[PDB]
Every structure is written in C-alpha cells, then in structure tokens.
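Please put together the full structure from these sequences, using the hints given.
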Amino acid sequence: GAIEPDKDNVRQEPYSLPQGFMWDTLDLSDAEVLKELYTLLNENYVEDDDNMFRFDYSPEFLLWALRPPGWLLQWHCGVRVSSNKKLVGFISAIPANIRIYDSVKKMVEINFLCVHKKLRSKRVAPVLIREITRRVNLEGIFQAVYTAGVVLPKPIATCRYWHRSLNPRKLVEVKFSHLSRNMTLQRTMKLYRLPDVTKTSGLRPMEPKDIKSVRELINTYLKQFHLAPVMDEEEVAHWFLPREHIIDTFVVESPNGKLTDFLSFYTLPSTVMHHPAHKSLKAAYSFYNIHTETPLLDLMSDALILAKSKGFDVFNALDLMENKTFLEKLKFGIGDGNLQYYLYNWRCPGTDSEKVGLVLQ
Amino acid sequence: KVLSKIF
Ligand SMILES: CC(C)(COP(=O)(O)OP(=O)(O)O)[C@@H](O)C(=O)NCCC(=O)NCCS
Ligand SMILES: *C(=O)CCCCCCCCCCCCC
Ligand SMILES: [Mg+2]
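Heads up: the protein sequence lines correspond to chains Z and G, in order.
Be aware that the first sequence starts at 1, since it is given in the numbering used here, and climbs by one per residue.
Be aware that the second sequence starts at 1001, since it is given in the numbering used here, and climbs by one per residue.
Any given hint might turn out to be false.
Only some residues are given here: those of chain Z computed to face chain G with a beta carbon under 8 Å [said to hold, decoys possible]:
1. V46
2. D48
3. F53
4. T147
5. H163
6. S270
7. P276
8. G335
9. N338
10. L339
11. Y342
Hints listed in this document are in silico derivations from the structure and should not be mistaken for laboratory results.
Note that the Cβ used here is the ideal one computed from N, Cα and C, for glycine as well.
Encoded structure:
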C-alpha cells in the first residue's frame, strides 16, 4: 500500500531553482508556448541507445497527451532561463484513475520530463520532480505512475519493445533495422508484405456514438490485469476518438449493431538525425486492443494493414497485456529498448509485463 | 520514454 500517508503539511511556495532559472506555467493554448515546448522536446527529448533517432512529438499530439479530462494548467510545469526567457525545462502531470491490483486510486501520470542538453547537470530535473510533486499534493493526490528507460529501484514491471517492419528498406537504410541474417533485402521485403485490405467484418473507424460501448469494452477487458486505467466516458472519448496524425481507433460492429472489439494505435514519428536522404521515421504505436469475438491475431493483423495503408514505416508494440500471443506470429522483431513502470508512494509486489494493462504516450 | 529500435 501507500508508503507515507497523505500529508498533513505541503509546501505552499514553489521550490527554489538554481540561480539563473525561473518557473513558468505553460499555457499550451498559446500557439507560441506550444511551439516552444514542441521545440524543446524535438531537440532535447529521448533518443535511441545509439543516438540516431529522437522522438518527434507533434504540437497536436502534445495537446492530446497533456490535456485529457481534468487536466490542470499548473501541472504543465516549465523552467526558463531568466536572462533571455528561453524554455529549458519541462515536466507534466495528468490526472488518472489507476487500478493497482484491487485498489483504484486517483493518481497522476508523470511524463515529458526534459531538460535542455546545454543546461544539464545543473540539478534542474530534481527540482522539477519536487515541484510537480508539490503541485500534485496541493490538489490532494499523493500517488503517481510513470515510465522510464532508466532502471530505478523497484519497478513494478519491465516491458520490452517489439517492432513490425512496414517499410523494411527505409528501416535498413536509416539503421533502425538491419538486413536479415541470411536473406537479401528483396526477400526481406517479400517476407514482410501485408495484404492490401483488412479482413474483419464490421471494422470501421470509431465514432462518437461508440463512446459508451467502447467504455464498456475496455473497463471489462482491463479487469484481468494488475495495473490498468479505469476510464469514464469523457476519458474514453478523449483517448480513442480519431484525431488525424495522432490517434486511430477502429471498432468491430457486429451485424446487429453491438461493438465486440476495437484496435487503436497512436502516431509518433522519430527524427532521423544523421541521414543524407531520410529526415523522419513514421511510427505507429499499439495503444489499447480489446477482443471479445474477433481473434486478437486477426485484430492486430488488420491493425498492421491499416498502419501500412496510412504510410507508417514501422508498427511498435510492448510485450504487455496479451501482446506476447501475437508478436512473433505477426513477424514482430524484438527491440533493443526496455520500458520500466514505476509507482510513486505505493509499495506492492512487482508483476509480469503480461499483467500490465497501462500504456503511456 | 524509450526509443527502441530493432535488435
Ligand atoms: C534525465 C534528465 C531530465 C536529467 O536532467 P538534469 O537537469 O541534467 O539532471 P541532474 O543530473 O542535474 O540531476 C536529462 O538528462 C534529460 O532531459 N534527458 C532526456 C529526457 C529523458 O530522458 N527523460 C526521461 C525521464 S527518466
Ligand atoms: C518521465 O517523464 C517520468 C519522469 C518521472 C520522474 C519522477 C516522478 C516522481 C513522481 C512525481 C509526482 C508525485 C505526485 C504525488
Ligand atoms: Mg540540470
């Protein structure tokens, strides 16, 4: 359970930054500030282990990820250089109802912790963590969930990335992938060829009228996992209604009209930092895929077909939920990255990745 | 948080 009880005293004044820095609460409704945050992340956020790719979250994507129902302006915490007002730090919290084993707790999800490359090792990130903790506590929330590539003490789970090539030649050219150990490039491309049309009957984009049904579908499905979100109708609409270049959700409407399944994946390109011919890698990420009548394998096959039809170069997925049941069959290849999940102020046994039912952007 | 590539 909780390590420390809900506090009886929380600091009311912001924590002190090092000299030369100032706090700024970012209002992403100001296109100027949203562009500043986009630039910060596009130039300084997470890169692959060999520094060839760097996340390229779009401004619209940041709006989708950072303002779900109940979002708070004070939880978009930025840090600027005082002398020239340049944005050099950021961290964010968004509210969520998170079920850990049997306990449904109001928590925050922490994300987008980023400090400018030139202003690192100045102990800015620890102050950012303290300050977001303070701002969350003052709203009456004392647990958090988050993910990281770094191995910190006592993760609740470790998940592995897998990758399904959709544009093998490009992936090989930019060194995201490599030539098969014993096949020509051409035979590799033939190996990963997908059908031109989906197979599942009744597969169609999600629409507003689907909200409640989708809610019903996900909250039931997620019951089997040890860590998972619990979503109300507003949250379902936010996280799953299609937004072009951001989030795609397809539902399976049975003949009578009931929804029986749905698949979803979000759009998250990577900058290719040093290639003479390629500047970006278009990647889809598996989000939440719920099955009650369609086999999960056919579901994810259709997901791959749709991502391909939409011009994606690769389809990524973690080995959580039931994903291990289709990863190898659908020709995913194991990635070189591990994602750890962590709970703040909650002590509980760790679990396996297939018992993790939470996906963060 | 993690930008994985094919191993
Ligand atoms: C990890 C982080 C934020 C530390 O910044 P810092 O201000 O130099 O921390 P300090 O070493 O001074 O305690 C910085 O290296 C960074 O922004 N890396 C890229 C973003 C990232 O990896 N976020 C993941 C959160 S674990
Ligand atoms: C990626 O951006 C996650 C970075 C998480 C850093 C540690 C966050 C610790 C919890 C802070 C919020 C506490 C609210 C009770
Ligand atoms: Mg620093």
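Check: Taking 8 Å as the limit, does the beta-carbon of Z/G335 come near enough to a beta-carbon in chain G?
Finding: This interface hint holds because 3 Å falls under the 8 Å limit.
Next item on the list: Please verify that hint: Z/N338, Cβ, nearest Cβ of chain G, below 8 Å or not.
Entry: holds (7 Å)
Checklist line | Interface restraint verdict for Z/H163 against chain G (beta-carbon cut-off 8 Å) | finding: holds (5 Å)
Item checked: Hint check: 8 Å Cβ-Cβ cutoff, Z/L339 to chain G -> Since the shortest Cβ distance to chain G is 5 Å, the answer is holds.
Check: Regarding the hint that Z/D48 lies at the interface with chain G, is the smallest CB-CB distance below 8 Å?
Finding: holds (4 Å)
Note to self: Hint validation: Z/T147 versus chain G, beta carbon distance must be below 8 Å. Holds or violated?
What the structure shows: holds (5 Å)
Margin query: Less than 8 Å between beta-carbons is the criterion; does Z/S270 satisfy it with respect to chain G?
Written below: Holds: closest Cβ of chain G sits about 6 Å from Z/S270, inside 8 Å.
Margin query: Given a cut of 8 Å on the nearest C-beta pair, is the interface hint for Z/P276 held or broken against chain G?
Written below: violated (19 Å)
Check: For the hint on Z/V46, does the least C-beta distance to chain G fall short of 8 Å?
Finding: Holds, because the Cβ-Cβ distance from Z/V46 to chain G comes to roughly 5 Å (cut-off 8 Å).
Notebook entry, point to check: Against chain G, is Z/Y342 within 8 Å by beta-carbon distance?
Noted result: Violated, because the Cβ-Cβ distance from Z/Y342 to chain G comes to roughly 10 Å (cut-off 8 Å).
Notebook entry, point to check: Taking the least C-beta to C-beta distance, is Z/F53 closer than 8 Å to chain G?
Noted result: holds (6 Å)
Checked against the numbered hints given earlier, this structure breaks hints 7, 11; the rest are met.
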